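**Student:** If you want the building blocks of each chain, they are given just below.
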Amino acid sequence: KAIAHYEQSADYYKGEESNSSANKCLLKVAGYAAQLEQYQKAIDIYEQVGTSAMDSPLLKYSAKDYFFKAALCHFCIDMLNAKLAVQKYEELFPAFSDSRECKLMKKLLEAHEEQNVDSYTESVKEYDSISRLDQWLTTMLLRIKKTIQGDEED
Amino acid sequence: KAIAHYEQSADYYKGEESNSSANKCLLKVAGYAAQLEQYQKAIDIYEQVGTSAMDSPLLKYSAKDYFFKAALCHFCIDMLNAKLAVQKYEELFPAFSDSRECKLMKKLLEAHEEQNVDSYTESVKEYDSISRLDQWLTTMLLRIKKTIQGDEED
Amino acid sequence: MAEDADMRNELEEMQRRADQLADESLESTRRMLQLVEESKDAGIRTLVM
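Residue numbers (the authors' numbering), protein chains in the order written: chain K, 140 to 293; chain L, 140 to 293; chain H, 1 to 49.
Do not take every clue at face value.
Restricting the straight-line Cα-Cα distance to at most 27 Å, the calculated cross-link-like pairs of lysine-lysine (BS3-like) are [unchecked claim]:
#: 1; chain 1: L; residue 1: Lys245; chain 2: K; residue 2: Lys264
#: 2; chain 1: H; residue 1: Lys40; chain 2: L; residue 2: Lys199
#: 3; chain 1: L; residue 1: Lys242; chain 2: H; residue 2: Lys40
#: 4; chain 1: H; residue 1: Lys40; chain 2: K; residue 2: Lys242
#: 5; chain 1: K; residue 1: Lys264; chain 2: L; residue 2: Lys242
#: 6; chain 1: K; residue 1: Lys264; chain 2: H; residue 2: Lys40
#: 7; chain 1: K; residue 1: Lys163; chain 2: L; residue 2: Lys153
#: 8; chain 1: H; residue 1: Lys40; chain 2: K; residue 2: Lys167
#: 9; chain 1: K; residue 1: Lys167; chain 2: L; residue 2: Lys153
#: 10; chain 1: L; residue 1: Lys199; chain 2: K; residue 2: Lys163
#: 11; chain 1: K; residue 1: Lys284; chain 2: L; residue 2: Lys227
#: 12; chain 1: K; residue 1: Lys284; chain 2: K; residue 2: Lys227
#: 13; chain 1: L; residue 1: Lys222; chain 2: K; residue 2: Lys264
#: 14; chain 1: K; residue 1: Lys245; chain 2: H; residue 2: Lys40
#: 15; chain 1: K; residue 1: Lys222; chain 2: H; residue 2: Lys40
#: 16; chain 1: K; residue 1: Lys264; chain 2: L; residue 2: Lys227
#: 17; chain 1: L; residue 1: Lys199; chain 2: K; residue 2: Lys167
#: 18; chain 1: K; residue 1: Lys246; chain 2: H; residue 2: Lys40
#: 19; chain 1: K; residue 1: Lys163; chain 2: H; residue 2: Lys40
#: 20; chain 1: K; residue 1: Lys242; chain 2: L; residue 2: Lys199
#: 21; chain 1: K; residue 1: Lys264; chain 2: L; residue 2: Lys199
A partial selection of chain K residues facing chain H, derived with a Cβ cut-off under 10 Å [stated by the list, open to error]:
#: 22; residue: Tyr200
#: 23; residue: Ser201
#: 24; residue: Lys203
#: 25; residue: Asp204
#: 26; residue: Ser236
#: 27; residue: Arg239
#: 28; residue: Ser268
#: 29; residue: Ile269
#: 30; residue: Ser270
#: 31; residue: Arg271
Chain K residues, not near chain L, derived (Cβ > 12 Å throughout) [said to hold, decoys possible]:
#: 32; residue: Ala141
#: 33; residue: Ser157
#: 34; residue: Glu176
#: 35; residue: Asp217
#: 36; residue: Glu230
#: 37; residue: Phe235
Rather than coming from a laboratory, the hints here were simulated on the basis of the structure. Virtual Cβ for every residue (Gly too), placed ideally from N, Cα, C.
With the hints as constraints, model all of the structure from the sequences given.
**Tutor:** Here it is in structure tokens:
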């Protein structure tokens with residue numbers, strides 16, 4: 140019900156061009172919704188924020204983690220759908236902060252696709268130092284490796 | 140009475156849940172609970188405010204500062220609460236400002252448990268080499284160093 | 001001949017070790033791996049806030 144409150148309330152904030160809460164309460168929807176139950180809403184929300192994020196000269200740097208959140212949600216998907224966002228998105232990959240978004244991904248896609256764990260886990264062996272991991276990121280880490288379990292664990 | 144009004148006003152700022160105004164009051168309470176020397180209440184302050192901060196990305200890189208501020212508040216508190224409050228606050232001990240808190244504190248309070256002030260005073264400057272000390276910390280450090288010295292005679 | 005010679009010889013140690021401390025330079029370049037990430041990690045999310 141609270142996520143519905145964020146949803147209708149963000150519908151009001153959307154209809155008033157108070158874009159702050161319009162993006163925010165949607166992020167509150169998707170960040171818990173993706174892990175718990177709603178999957179296409181995850182990328183649809185993080186792309187709705189991501190386009191107008193790329194628009195404004197104020198917003199297009201917040202888009203990096205927004206498309207990180209769009210990418211690393213895997214929806215029982217084994218694929219490079221994150222790489223579909225790579226060859227979609229205006230990364231400008233000589234910006235290396237998106238390499239902690241997608242070169243992370245360019246490892247772990249083929250780690251999960253070649254059902255391999257000592258490269259997937261190694262990604263966070265090195266990424267925990269260069270980025271502090273909060274609860275949602277590690278729960279999503281555990282999420283994609285539950286997909287790895289469903290790929291491996293008999 | 141200054142402290143009674145920081146505390147009372149922080150009660151009001153937490154009345155309307157304006158948190159960091161109250162935390163800015165609580166540093167003037169708690170930071171001046173060091174020279175008023177109620178360390179028991181100094182560590183009673185940084186816990187409930189900083190364990191509330193790991194969920195916040197707003198302050199997480201700051202939160203371990205506060206559990207240096209919680210940790211180094213000794214009245215010679217030599218329990219493993221200092222070895223456990225650093226753990227309940229889940230904290231990668233290879234964090235690199237927790238290298239400036241946790242294993243700092245290990246050298247600061249193992250040498251006290253070695254009863255050996257010399258490598259203590261060398262390593263506190265080794266900390267100074269990697270993060271310079273300020274007024275409230277330095278005064279509490281010479282304070283606890285007095286406690287260590289007065290314990291190493293007998 | 002009817003000759004057996006079985007012999008040994010000795011080593012000349014390479015240079016570049018005035019004192020062991022030199023490897024502390026690696027402890028430096030550990031630290032400038034340590035003292036680099038939080039700058040950007042709080043920089044971009046400081047831009048977020």
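**Student:** Evaluate each hint against the coordinates.
**Tutor:** Status of each hint after checking the structure:
1. At most 27 Å may separate the alpha-carbon atoms for a hinted pair to count; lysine 245 of chain L and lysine 264 of chain K meet this at roughly 25 Å.
2. Distance restraint check for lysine 40 of chain H and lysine 199 of chain L: the Cα-Cα separation of roughly 14 Å lies within the 27 Å cut-off, and the hinted pair is therefore satisfied.
3. The suggested pairing of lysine 242 of chain L with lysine 40 of chain H holds, with an alpha-carbon distance near 24 Å, which does not exceed 27 Å.
4. Using a Cα cut-off of 27 Å, the hinted pair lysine 40 of chain H and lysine 242 of chain K holds, with the two alpha carbons roughly 17 Å apart.
5. Distance hint between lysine 264 of chain K and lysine 242 of chain L is fulfilled; the C-alpha atoms sit about 21 Å from each other, no more than 27 Å.
6. Simply put, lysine 264 of chain K and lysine 40 of chain H have alpha-carbon atoms about 19 Å apart, close enough for the 27 Å limit, and the pair holds.
7. Distance hint between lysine 163 of chain K and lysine 153 of chain L is fulfilled; the C-alpha atoms sit about 24 Å from each other, no more than 27 Å.
8. As the CA atoms of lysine 40 of chain H and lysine 167 of chain K are separated by approximately 24 Å, the hinted pair is consistent with the 27 Å bound.
9. Restraint check: the Cα-Cα separation between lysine 167 of chain K and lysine 153 of chain L comes to about 24 Å, which is no more than 27 Å; the hinted pair holds.
10. Of the pairs offered as hints, the one joining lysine 199 of chain L and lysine 163 of chain K holds, with about 20 Å between alpha carbons and a cut-off of 27 Å not exceeded.
11. Note on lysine 284 of chain K and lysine 227 of chain L: the hinted pairing holds, with a Cα-Cα distance of about 26 Å set against a maximum of 27 Å.
12. Among the hinted pairs, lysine 284 of chain K with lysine 227 of chain K is consistent with the structure: their alpha-carbon atoms are about 25 Å apart, no more than 27 Å.
13. Under the criterion of a C-alpha separation no larger than 27 Å, the hint pairing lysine 222 of chain L with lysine 264 of chain K is consistent with the structure, at around 25 Å.
14. A hinted pair counts as satisfied when its Cα atoms are at most 27 Å apart, and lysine 245 of chain K with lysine 40 of chain H qualifies at roughly 21 Å.
15. A threshold of 27 Å between alpha carbons decides the hint, and for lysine 222 of chain K with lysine 40 of chain H the separation of about 24 Å falls inside it, so the pair holds.
16. A distance of roughly 22 Å separates the Cα atoms of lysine 264 of chain K and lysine 227 of chain L; the hinted pair therefore holds under the 27 Å criterion.
17. For the suggested pair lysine 199 of chain L and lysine 167 of chain K, the alpha carbons sit about 19 Å apart, so the restraint of at most 27 Å is met.
18. Among the hinted pairs, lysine 246 of chain K with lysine 40 of chain H is consistent with the structure: their alpha-carbon atoms are about 22 Å apart, no more than 27 Å.
19. At most 27 Å may separate the alpha-carbon atoms for a hinted pair to count; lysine 163 of chain K and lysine 40 of chain H meet this at roughly 23 Å.
20. For the suggested pair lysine 242 of chain K and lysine 199 of chain L, the alpha carbons sit about 25 Å apart, so the restraint of at most 27 Å is met.
21. In summary, the hint linking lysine 264 of chain K to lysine 199 of chain L is supported, as the alpha carbons are separated by about 20 Å, within the 27 Å threshold.
22. About 5 Å separates the beta-carbon of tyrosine 200 of chain K from the nearest beta-carbon of chain H, less than 10 Å, and the hint is met.
23. Checking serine 201 of chain K against chain H by beta carbon gives a least distance of about 5 Å; that is within 10 Å, so the hint holds.
24. About 7 Å separates the beta-carbon of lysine 203 of chain K from the nearest beta-carbon of chain H, less than 10 Å, and the hint is met.
25. The criterion of a C-beta within 10 Å of any C-beta in chain H is met by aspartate 204 of chain K, whose closest approach is roughly 7 Å, and the hint holds.
26. Hint on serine 236 of chain K holds. Least Cβ distance to chain H is approximately 6 Å, under the 10 Å limit.
27. With 10 Å as the threshold, the beta carbon of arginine 239 of chain K comes within range of chain H, its nearest partner Cβ sitting at about 9 Å, so the hint holds.
28. Below 10 Å, beta-carbon pairs count as interface contacts, and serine 268 of chain K has one with chain H at about 7 Å; its hint therefore holds.
29. A hinted interface residue such as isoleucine 269 of chain K counts as satisfied when its beta carbon comes closer than 10 Å to some beta carbon of chain H; here the least separation is about 4 Å, so the hint holds.
30. Checking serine 270 of chain K against chain H: minimum C-beta separation of about 6 Å stays under 10 Å; hint holds.
31. The restraint placing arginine 271 of chain K at the interface with chain H holds, with a minimum CB-CB distance near 7 Å, inside the 10 Å limit.
32. Annotated as non-interface, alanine 141 of chain K keeps its C-beta farther than 12 Å from every C-beta of chain L; the closest such distance is 16 Å.
33. Annotated as non-interface, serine 157 of chain K keeps its C-beta farther than 12 Å from every C-beta of chain L; the closest such distance is 21 Å.
34. The Cβ of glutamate 176 of chain K lies farther than 12 Å from every Cβ of chain L, with a closest approach of about 21 Å, so its non-interface assignment holds.
35. With a least CB separation of 30 Å from chain L, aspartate 217 of chain K remains clear of the 12 Å interface cut-off, as annotated.
36. Every CB of chain L is more than 12 Å from the CB of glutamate 230 of chain K (nearest about 23 Å), matching its label as outside the interface.
37. Listed as outside the interface, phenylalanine 235 of chain K is consistent with that label: its C-beta sits roughly 20 Å from the nearest C-beta of chain L, beyond the 12 Å cut-off.
Hint check: no violations occur; every hint is consistent with the structure.
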